[PDB]
Amino acid sequence: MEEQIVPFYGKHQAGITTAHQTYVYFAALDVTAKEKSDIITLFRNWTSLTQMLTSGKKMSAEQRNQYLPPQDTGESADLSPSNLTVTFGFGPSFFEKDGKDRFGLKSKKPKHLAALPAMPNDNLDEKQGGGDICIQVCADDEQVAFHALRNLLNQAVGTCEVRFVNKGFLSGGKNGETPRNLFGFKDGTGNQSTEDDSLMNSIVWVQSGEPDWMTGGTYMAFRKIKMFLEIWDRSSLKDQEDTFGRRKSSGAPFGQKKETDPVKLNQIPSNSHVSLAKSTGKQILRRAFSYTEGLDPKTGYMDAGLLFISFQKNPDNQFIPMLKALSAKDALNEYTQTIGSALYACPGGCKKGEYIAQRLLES
Amino acid sequence: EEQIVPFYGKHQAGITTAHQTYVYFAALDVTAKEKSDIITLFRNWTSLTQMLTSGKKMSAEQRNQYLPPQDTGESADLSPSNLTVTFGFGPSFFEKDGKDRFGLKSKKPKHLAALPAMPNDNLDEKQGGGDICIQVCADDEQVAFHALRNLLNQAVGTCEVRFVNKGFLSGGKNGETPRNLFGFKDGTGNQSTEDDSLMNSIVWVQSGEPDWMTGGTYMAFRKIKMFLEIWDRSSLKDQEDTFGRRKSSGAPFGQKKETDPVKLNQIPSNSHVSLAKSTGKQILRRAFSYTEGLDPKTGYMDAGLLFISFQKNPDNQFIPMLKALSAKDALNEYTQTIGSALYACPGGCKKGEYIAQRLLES
Ligand code: HEM
Ligand code: HEM
Ligand SMILES: COc1ccc(CO)cc1OC
Ligand SMILES: [Cl-]
Ligand SMILES: [Cl-]
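Chains as they are written, first to last, in the entry's author numbering: chain A, 1 to 363; chain E, 2 to 363.
Treat the hints as calculated values from the structure; they're not laboratory data.
Wrong hints could be hidden among the right ones.
As the list claims (entries may be wrong) - List of simulated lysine to any residue pairs, SDA-like, C-alpha gap at most 25 Å:
| # | chain 1 | residue 1 | chain 2 | residue 2 |
| --- | --- | --- | --- | --- |
| 1 | A | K111 | A | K351 |
| 2 | E | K282 | E | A325 |
| 3 | A | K264 | E | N201 |
| 4 | E | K108 | E | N201 |
| 5 | A | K174 | E | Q71 |
| 6 | E | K127 | A | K238 |
| 7 | E | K109 | E | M52 |
| 8 | A | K127 | E | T18 |
| 9 | A | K282 | A | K351 |
| 10 | A | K57 | A | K111 |
| 11 | A | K238 | E | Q71 |
| 12 | A | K226 | E | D72 |
| 13 | A | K58 | E | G172 |
| 14 | A | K352 | A | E96 |
| 15 | E | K264 | A | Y67 |
| 16 | E | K226 | A | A19 |
| 17 | A | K258 | E | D78 |
| 18 | A | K127 | A | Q337 |
As the list claims (entries may be wrong) - Computed list of chain E residues with no C-beta within reach of chain A, every gap over 12 Å:
| # | residue |
| --- | --- |
| 19 | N45 |
| 20 | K57 |
| 21 | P69 |
| 22 | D101 |
| 23 | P117 |
| 24 | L124 |
| 25 | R150 |
| 26 | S171 |
| 27 | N175 |
| 28 | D197 |
| 29 | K238 |
| 30 | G294 |
| 31 | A328 |
Stated by the list, open to error - Output of the computed footprint for chain A on chain E, the stretches with three or more beta carbons under 8 Å from beta carbons of chain A:
| # | segment |
| --- | --- |
| 32 | 78-86 |
| 33 | 137-145 |
| 34 | 226-237 |
| 35 | 285-293 |
The beta carbon of each residue, even a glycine, is placed where N, CA and C say it ideally should be.
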C-alpha cells in the first residue's frame, strides 16, 4: 500500500468507520478538576498531541534542557503510525455527577446519554465501567497504541484520574477475511459496509435532534464480556454452531452457502445469538476486540473475552432493545458474562484549528 | 517471506530466532503421577507444535457434529507469523519437596536451581517457578495466543497452569533495535544471533551436562515491574545516566554510534550498562514489554519487562550480573522484580523424536 496514516481532522472522529485495526487500548477517566477552563485546556492539548501522534510527525527531541523530562516517552520513535486512531467520548457523569451539573453543561447534554439499564445475567464491576471520558486508541501495532494512550494520559495528570485501562486484539484474515473472535467465529459479517455512506449515515452518524457539538458524532456502547474458553472448547461443534446460527468455518447462516448470504430466520434456533439480534429489526456498528488478562484467580483458567464496542446514532432505538432481547434468552449466555458497561457520546469531528468538543465546552 | 520457522533441528527455535513482536509465556505444574503420562504430553505437544508452526491448517471438515472441534479455530485465516514454541523445565520437575517424583534426578542439569534471593526483590511465589515453561512467540498476538491455548488444552488432566504472562516488543520500521517502555534501545549488547561461534560460546550447551541438554540452554525469567510514572517525570539527564547510553542514538556516552564499544570510564559506575558489562560476562537477552491494565495498588498503569535471557551456564554468566546489579543499579529507582524462575531448555527435536525424549526415555 502507501503509508498507514489515518486523518485525525474531519467531519467525523476517526476510529469508527475506519477499517478495523489489530490492537486497542480502551481507557475511561474521571475529571477531578472543578473549572470548565481546565477541561478546555485538556482538550486543546489532547487535540494537538493526537494530531501529531496520528500524522507521523516525530518530535525532533533535541531537548534544549537536559534537566527537564523528555516531552515524549520515546518508545515509538522508530515505528510507523500503523493507522493509529484516537476516539473520544463523554459519559453521562461528565454532564451531571451525583445531582450536580459540575461544569455548566447539562443544557448541552445529548438526547440519549444515560447509563445502560441493568440486565439479567449482568455481573458488573462498577469500577470497570462508566467514566466521564473514554479514550479508544487503535493501531496495527500494540506498542504504537500503548505509546499514544500513555502520552495522552500523561497530559491528564492534574485534571483526571484514570478509572480503567483495557486492551484487545483482533486479527483479520491474511486475504482480508472477516476477523475471528476467540470462539473461532467470524465477527462482523452482519455489519453494513463502513464504505457505504448512506448506511453509515442512517446507522451511525448524528445529523439532527441533538446539540450541535454532536453533529457528525455518534454514541459508543461498551460491554466487557468475559468468554469462558474452557467451557466453550469442551462443547460439541453442534452446540457451538447452534449457539450462533452460523456455521463456524464458512460463517454462512444455517442452510446457506456463503458468509454474506441472507439469514433465513426459520432455519436457526429461536434463541441463537444471530436470531435474537437480527429479530429486533435494528442495526448497529460493532467494532469489538478480544482480550486476555492472564489466569483468572477465581477459576485457574485464562481470563479472556470480548471488548464489545458498538456505534449507533440513537442507542435507545438501535442498541438497548438488542441488549434487552439477548440478555434474557441468548444461547451465548451459557458461555459469557458481562462484567463492565458504559455508554458514551462521541463528539463530531474536529476541524483544523479547533479542538475536540469545542462547540460543547465554549460559549 | 513465507513466515515459517522450522520447529525441528539441532536447537529449539525461539532462542536465536529473530525476536518476534509478541510473546505468551506460561509455566505449568505437573499433577500427573506417572512419567508415562508426561511422555504422552510431550509427544502430543511435539506433534501439535510442529503442526502449528509449520503453516498446516486442520482444513478437514468435521465428521461427527457431536464432538468438540479438535482446534479452537481462531487462527484459521492467519499466517503462521514466524511462530516458535520453546519448552523448559524448572527444578521442581526433577525434585519437589525432597521427592524425585518421576525418577529423573540422575538426568538433572548441572546448573538448575531456584535463583538466589537478591536485594530489592519483591517476588510473588505464584508468579514464578513451575515444573514446565512454555514460551510462545509470533508476529501476531492472535496466532501466539491460539498456539498457547491449544497446547494448554492438551495438558488438561496432566498439569495445572501456574501463570500466563504476555508482552510485546516492536522492532524499528527499518530494522532498528526495538525499544523497551523506558524508550531505550534494548539488545545492542547481545552478540549477533547469526554468529554460530558466539552463540556456541554464550548460549548453547555442548558438554558437561546430560545428553538431553546437548544443543539446549538455560532460560532465566524475571518479571520486572517498570514504574512508568516515576520514569516519565524524570529528567532526560537522569534517564540517560541510569543506563550510560544516549536515549535517541543508543550510543555509549562519548561515542557516536549505537554499535560503538562502551567506554566504561565515560559512564556512571552505578549506571545499568557499567554494572552489567563489568562482570565481563555475557548473556543473550530476549525480553518483551508487558502492560496489564491499571495497578490497583497505585492507580497507575501496571507495566514492565518480561526479562528472558539464554545462557549455557547461569551460575557463571547470569547470577553474577544479577548480584552486580541488584544493590547499585540506578534502575532500582524505577523497577522492582516481582517474579522469578530458571528453567533448562532441552536440545532440539529431531524429525521422529519428541521434545525431552532423551530425558524421559525412548
Ligand atoms: C462475547 C459476546 C459476543 C460474541 C462472541 C458475539 C459474537 C457474534 C457472532 C459470531 C456473530 C455472527 C457474525 C456477525 O454478524 O458478526 C454476531 C452477530 C451479531 N451480534 Fe454478537 N457477539 C457478542 C455480544 C454481542 C452483544 C452484546 C450484541 C448487541 C447488544 C451483539 C450484537 C450482534 C449483532 C447485532 C449481530 C448481527 C446480527 C445480524 O446479522 O443482523 N453481540 N455476534
Ligand atoms: C526492566 C528491566 C531492564 C531494563 C529496562 C533493561 C534495559 C537495558 C538497556 C536499555 C540496556 C542498554 C542497551 C542494550 O545493550 O540492550 C541494557 C543492557 C544490558 N542489560 Fe539490561 N535491562 C533490564 C534488566 C536487566 C537484567 C535483570 C539483566 C541481567 C541480570 C540485564 C542485563 C543486561 C546486559 C547484560 C546488558 C548488556 C551490557 C553490555 O553492553 O555488555 N538487564 N539493559
Ligand atoms: C531484536 O533484537 C533483540 C532486541 C531485544 C532483545 C531483548 O533484549 C532480544 C533481541 O534479540 C535476541
Ligand atoms: Cl432457541
Ligand atoms: Cl519494557
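A quick look at each hint next to the structure:
| no. | hint | in the structure |
| --- | --- | --- |
| 1 | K111/A - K351/A | holds, 23 Å |
| 2 | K282/E - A325/E | holds, 11 Å |
| 3 | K264/A - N201/E | violated, 63 Å |
| 4 | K108/E - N201/E | holds, 22 Å |
| 5 | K174/A - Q71/E | holds, 22 Å |
| 6 | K127/E - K238/A | violated, 38 Å |
| 7 | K109/E - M52/E | violated, 30 Å |
| 8 | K127/A - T18/E | violated, 42 Å |
| 9 | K282/A - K351/A | violated, 31 Å |
| 10 | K57/A - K111/A | violated, 38 Å |
| 11 | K238/A - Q71/E | holds, 13 Å |
| 12 | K226/A - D72/E | holds, 20 Å |
| 13 | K58/A - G172/E | holds, 17 Å |
| 14 | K352/A - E96/A | violated, 30 Å |
| 15 | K264/E - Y67/A | holds, 23 Å |
| 16 | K226/E - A19/A | violated, 34 Å |
| 17 | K258/A - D78/E | holds, 16 Å |
| 18 | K127/A - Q337/A | holds, 16 Å |
| 19 | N45 | holds, 16 Å |
| 20 | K57 | holds, 15 Å |
| 21 | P69 | violated, 6 Å |
| 22 | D101 | holds, 27 Å |
| 23 | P117 | holds, 27 Å |
| 24 | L124 | holds, 17 Å |
| 25 | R150 | violated, 7 Å |
| 26 | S171 | violated, 4 Å |
| 27 | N175 | violated, 7 Å |
| 28 | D197 | holds, 28 Å |
| 29 | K238 | violated, 4 Å |
| 30 | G294 | violated, 5 Å |
| 31 | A328 | holds, 27 Å |
| 32 | 78-86 | holds (count 3) |
| 33 | 137-145 | holds (count 4) |
| 34 | 226-237 | holds (count 6) |
| 35 | 285-293 | holds (count 3) |
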